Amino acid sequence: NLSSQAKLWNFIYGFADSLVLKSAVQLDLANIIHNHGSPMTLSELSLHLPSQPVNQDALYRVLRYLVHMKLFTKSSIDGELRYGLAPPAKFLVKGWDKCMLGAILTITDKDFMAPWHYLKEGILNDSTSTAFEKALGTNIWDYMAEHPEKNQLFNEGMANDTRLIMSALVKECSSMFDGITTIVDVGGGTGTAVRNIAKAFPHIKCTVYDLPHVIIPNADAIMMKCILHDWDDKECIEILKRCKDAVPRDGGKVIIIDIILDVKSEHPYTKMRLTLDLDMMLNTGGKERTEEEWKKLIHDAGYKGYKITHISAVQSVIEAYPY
């Protein structure tokens, strides 16, 4: 009756998955194999590696792990053992929008895992520093500046997540813009994000309004893409109150894009949605809300109701109705 003990053992070693995968991305194993067009032997794979000579044995023991994770395949072809890609590894190949290689390099950076070791000090009072600041002795801004590459990759990461979010929005939720002729994108900075809407719906005038902050505009609809999960309840309701007055009684609305935590859910992203919240707490200081918490914010903002639409992304869409 030891499946119980095994769950826990596997939870203890959950980091081994992260870090084996990290090495596979670092060594770019999946691309190399796909770019090869045919499954590669140990020595063939070895010779494609950045530096030489390679420790075949270490490479073999890591492959065995990747293969057991079911990300890579091991197959006997002729008298040779050849390694291919199991289906999940398509996200380990370059040259398509869902490539996760950057995400991986970022998330599994030793320094970016570091703050997760201060979960206990997050809970016990010592302090006002973020777990990040406690583990690295600087704030992220500073950190990113002193690590411009990590920063560049990180920005490209965020830019790419916005394309994917925006794209699922216009494609999956286009009906949400029916009747709309103007939209204000709050926190849309440059306007790259809203531009997806202007492009898909040329009949809609898209305005960006960033909020002053320390280091309104009228429309049929207001949009907030991943804004609110940064603001606490006070700010969220105020902004949500400004938005009410900015959109028309007759049909106006606010479209919110953010994670909806639902722990009682069997959706595959449930776990990751939870993880993003602890990550929020460790780094930014925001949180991800449950539907009940969204309900209450909206209710406390004087709104009539809301409708949640699920999309092919971590985040969800909340159409919040002011009148």
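Rigid core (definition): largest C-alpha set, two forms, superposition within 1.5 Å. Numbering follows the first chain given and starts at 1. First, how it differs from the form deposited in another entry.
- Core superposition between these two forms leaves every listed residue (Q26, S46, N283, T290) with a C-alpha shift below 2 angstroms except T290.
- Annotation: Cα of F177 displaced by at least 2 Å between these two forms, core superposition.
- Superposition on the rigid core between these two forms places the CA atom of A200 2 Å or more away from its counterpart.
- The Cα position of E235 differs by 2 Å or more between these two forms after fitting on the rigid core.
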The other form holds:
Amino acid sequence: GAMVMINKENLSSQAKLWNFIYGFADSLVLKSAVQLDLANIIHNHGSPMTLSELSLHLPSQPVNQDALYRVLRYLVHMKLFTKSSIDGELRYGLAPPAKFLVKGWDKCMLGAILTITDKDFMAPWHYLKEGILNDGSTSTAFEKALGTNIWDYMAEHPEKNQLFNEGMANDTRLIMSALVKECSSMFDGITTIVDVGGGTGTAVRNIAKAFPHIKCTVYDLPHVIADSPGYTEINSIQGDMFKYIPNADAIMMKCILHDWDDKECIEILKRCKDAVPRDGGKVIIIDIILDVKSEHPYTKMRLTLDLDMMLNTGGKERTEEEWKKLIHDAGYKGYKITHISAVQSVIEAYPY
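Now show the form deposited in another entry, given that the preceding structure was the form deposited in one PDB entry.
So it's only the chain below, everything else dropped.
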């Protein structure tokens, strides 16, 4: 026969499944709280607010207060918001992790939330089964869901292009402080730096501010340079990194190589290696290093980004051994990793 349960049906176990099943409700209630701007209304107010006070300051009128109350109840249970009785009224405040929903500082995560929880950008995740049972198609889930590869898609959907670029801009804002402070020594002796696939320029604008004697260049596809603010002292160049990388003292690539498979990464890395000087040239790779032996705060989300790449770009997240092999195969002399308390780490690859 088969297992016969006779006692003791375990509730915690079943609740864990329900919680995974409804994982999307956490993503999409969070999206709503962001769109309603609840955290900033409260933070600007400076004290907990009643339901009525909150309603008066929402993005539009009128407001369904029953719905607002129910969403706030869910948000309090997430431990993002608080509810308490103060001078005989129920008032809503912020819990410590809501600080990342508050505008006006480098760790505000709003742009990234709005990109990642976008309905069209979530669609490829519905094609995960088809990424394993391919039926002879080599297209990405992104292409299956949205018509074509991610980069050509952005070239043909300017609003999507801008939403994605601002998500990556936000991701970059999260790490720049640690980067320029903890890793200042990496920028010593550099006169020129090109941020390859540098997006709408958050990384170069920050490096250029911190290191006023380095001539900075941002390089990306035309449709991304087109969605970028004008430049004065920073060179803005458009092109295809598979065909050309602008020569400089250093090259940086943040969230680039995780987009591409091994053979492509080797082609990109070889191109960067030949763009930097034999005498102190370096390539600064900023991407996730997956630890598959121990658990860290960002482990869960790094494994998520592995599948995110599998579905959206055709890339992957890499363990240290995997990075080592890639850098070896591109013909570099060695590498050095620097952790910066972020999702991504810094990997310097030294061609000589």
